[PDB]
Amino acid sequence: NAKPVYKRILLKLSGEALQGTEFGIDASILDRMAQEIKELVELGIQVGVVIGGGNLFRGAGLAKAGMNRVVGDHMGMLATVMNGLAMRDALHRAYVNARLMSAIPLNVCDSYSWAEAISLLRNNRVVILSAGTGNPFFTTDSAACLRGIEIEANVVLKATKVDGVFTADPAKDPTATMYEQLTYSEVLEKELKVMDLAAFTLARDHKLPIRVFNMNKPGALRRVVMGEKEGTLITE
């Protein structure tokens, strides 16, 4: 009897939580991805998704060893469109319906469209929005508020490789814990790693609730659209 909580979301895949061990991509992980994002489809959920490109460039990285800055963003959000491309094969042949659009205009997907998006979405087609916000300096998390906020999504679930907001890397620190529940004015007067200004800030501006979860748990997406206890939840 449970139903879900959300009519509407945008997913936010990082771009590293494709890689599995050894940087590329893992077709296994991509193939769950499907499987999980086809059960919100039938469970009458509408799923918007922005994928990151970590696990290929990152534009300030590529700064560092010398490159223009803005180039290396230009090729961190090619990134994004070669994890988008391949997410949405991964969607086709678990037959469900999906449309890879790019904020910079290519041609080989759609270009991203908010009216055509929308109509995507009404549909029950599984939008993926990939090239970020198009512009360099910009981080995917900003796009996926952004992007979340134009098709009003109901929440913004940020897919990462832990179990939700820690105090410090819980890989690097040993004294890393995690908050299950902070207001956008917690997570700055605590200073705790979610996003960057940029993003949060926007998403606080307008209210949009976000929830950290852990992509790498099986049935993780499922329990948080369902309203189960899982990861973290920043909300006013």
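Positions refer to the first chain, counted from 1. Note that the rigid core is defined as the largest set of C-alphas that superpose within 1.5 Å between two forms. First, how it differs from the form deposited in another entry.
For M67, a C-alpha deviation below 2 angstroms is recorded between these two forms after rigid-core alignment. Put the two forms on the same core and the Cα of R211 is off by less than 2 Å between these two forms.
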Contents of the next structure:
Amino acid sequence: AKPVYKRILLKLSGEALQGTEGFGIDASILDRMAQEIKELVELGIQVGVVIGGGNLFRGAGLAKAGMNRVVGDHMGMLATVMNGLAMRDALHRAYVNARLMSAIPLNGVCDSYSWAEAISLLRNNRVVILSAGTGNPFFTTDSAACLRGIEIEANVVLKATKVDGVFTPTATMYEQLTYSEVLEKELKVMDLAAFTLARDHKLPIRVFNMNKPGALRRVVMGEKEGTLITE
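What I would like now is the form deposited in another entry, since the data block earlier showed the form deposited in one PDB entry; can you produce it?
Below you will find a single chain and nothing else.
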């Protein structure tokens, strides 16, 4: 089997790592995800991963209590590094070479993000996990995925979601769209600022379903899974 992508940026939601309790990190659901990535690696795909922090930091309640927006996003930012930290470990236990990089330098914990060092690592069959989003508050994990995606010169961003693509009860799942077509039809693919970044840099986005078994493997094979977004 051959893949239509040599280098991808896989974007996970923090919740993707949640267990039944609807929070934290579930070891098995995580090792499962490590294996899915091990496949992509073995198919010769260079994999950058960007994780969110929703499973470790909600903070909707703290926002309600009046918590400063910036401080809130800094907490989420750290949350994403815990997830990345866990994922890098999960991969090493799956005998996959992996590095964790952080937008916010964390001395002794993981190396600081460098677009160049990331490319170098990906070219050496290292999975590169990219943490702490953009380094700034008020930017979604999507924004970070696209920014990183563009920097590391990925062929595509794979937004792993709970839904099986972009949908028009009835109607139908789109199969392909354009950046213009998505704005025009007012479809919810991702945060508008993140979307603009991908559009302006002609970075293809594939929305798919991480829960649909082997869906990831298929998205890479080029096969029709979820929606693709290009132009």
